[PDB]
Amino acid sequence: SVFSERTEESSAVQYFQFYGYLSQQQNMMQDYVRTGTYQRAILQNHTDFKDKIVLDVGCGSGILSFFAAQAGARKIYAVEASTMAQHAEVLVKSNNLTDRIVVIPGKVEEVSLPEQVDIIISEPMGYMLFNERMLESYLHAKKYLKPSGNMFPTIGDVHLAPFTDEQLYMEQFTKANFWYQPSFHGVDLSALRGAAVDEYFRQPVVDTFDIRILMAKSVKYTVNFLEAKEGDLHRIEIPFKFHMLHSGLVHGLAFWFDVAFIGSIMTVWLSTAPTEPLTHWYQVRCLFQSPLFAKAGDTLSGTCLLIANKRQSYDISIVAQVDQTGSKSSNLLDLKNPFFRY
């Protein structure tokens, strides 16, 4: 199937094992901003569900299918590939909604639905929006969507912006400088200095921060899920040209994302921005190995390039330069293995 072609089956086992654990479903469910905003998006746009056929892509515990049922959906196909599907069916029975929610175990790329649906709902957002590659499964599911059918969420914005955080940079630099020692128990490690710096700065940093660390207005990259093909997420090129508002050392680029549920009654936004209350996605920062010096009024220009890999993630390349001085920073990051600093 389309899934197994792009996914190393060893990565797939881990991935769906992780989501088989109830503790991990609990973790997402307890994110009240996430779960509460999803419920609000569905219930406030009840006309988009009243007597409709729904697809829930990756239902997990089935929480979103229950919201669709609360909003008057006639039939809801809840597709889930992990063993969590079993527990979802238990909840469908215990909540007396066997006539309306139908759990379909399996990968959404492989299962068969008896009919086309009026609306697809899902929560496929990972860190930096794109980690896990579930957006492709969400887009892939449009093969079941009726003409002019809706997507919840409808669109996704990724925001990137340059930041200054001396303490963060030094924390990582100090770790890598373990390998700068000339006599660790009598042993010279210093030849592995460069490799150590490479390794540590390959890790994106997932935590939150104050917005005052941001040195410019963010650049927005938008994906319209109504229009996008799953092939559009194999190679994501995001050019940027920041006008620097503060002078100082640029230690990297900070990333967050918003999604919008564009309904027939209202548009509801779920944001993971540093200006907004904390979600379980936090924010993501990609460090440069050496920061770039910038004056206020300068332009920091370059390209963030996301190349989808077969471990359900992306290899990130960020090229950036200060145009006024020609000071340049090239970086390669492994989104699959981040540093959870919080």
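Positions refer to the first chain, counted from 1. Note that the rigid core is defined as the largest set of C-alphas that superpose within 1.5 Å between two forms. What changes on going to the form deposited in another entry:
- In a core superposition between the two forms, the Cα of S183 is the only one among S264, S183, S112, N96 shifting by 2 Å or more.
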The other form holds:
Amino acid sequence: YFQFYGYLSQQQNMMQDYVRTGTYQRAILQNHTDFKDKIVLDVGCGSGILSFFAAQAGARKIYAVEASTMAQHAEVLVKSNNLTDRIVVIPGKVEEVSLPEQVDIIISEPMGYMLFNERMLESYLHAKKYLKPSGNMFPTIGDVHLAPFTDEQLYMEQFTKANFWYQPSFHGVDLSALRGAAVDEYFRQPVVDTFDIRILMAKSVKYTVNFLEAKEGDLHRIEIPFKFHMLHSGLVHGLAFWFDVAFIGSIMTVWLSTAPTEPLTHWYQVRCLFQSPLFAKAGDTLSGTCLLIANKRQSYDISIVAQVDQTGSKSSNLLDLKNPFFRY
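I would like to compare: after the form deposited in one PDB entry, may I see the structure of the form deposited in another entry?
Chain alone follows, minus partners and molecules.
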């Protein structure tokens, strides 16, 4: 996490998501009266682009904190765009460094897959110790959406991928006894890619984090109960996840959405299969709990439990977000 982020090729890959770059620039500059003559903290600034957007909006002073060697590249951009007076790059972790001054506004891009992955939100919330009571954060809130999906093609792919392990004589070795463990491992990988909304079987449930109010420790254990009103009849193969963040400015509220009804981002969307699918009729209710537990690997364990109330038919899975399947 503090070596992968030191690569310009990584910063270049992320800056080429036009929705990400354009949405941040629009959020900041449409709300430019919220930056004019203010003090700004940029948390995990990377190449420094958000610090430049703050400068474009007339900020007085911007502290740009970056834990990786990307910080050295940022101080090169600040010197070459003639801004050393106004943008101060501070190499180090936002938890350990010193700021000479409290700030009017914190800006960051801390969203991983499914919003929480990489656990950079913990660092964004930690930075609030530097924020005046007056103060705002950009982004301001995050909504995670969950909905059940039906996708027999994706379900069956997990069996197909393991059918290597069926071989009773792979060079004289019987592999067959491991086929079930292989299936099982594939099912524990969250699937990162996009899909058509035609697969959703119910309207999404929304879980909101208010970054103005939430505290670092809220994200160690995230509990998301759901009740879906099934709009279609068939097999539910798992839950689909996406997120939206809102930049709530004085002038305007700007949304960055990773929803499958919006243009593609490099966040795609994430699907977690159940170990075995549930039959539900239109009219039935599908209820359960999604639990995200933060792990030492800077990711989450995802526990999902769902039952159809009308039948009592129940399914679950425990997925490792450290190990996604990038199907796109």
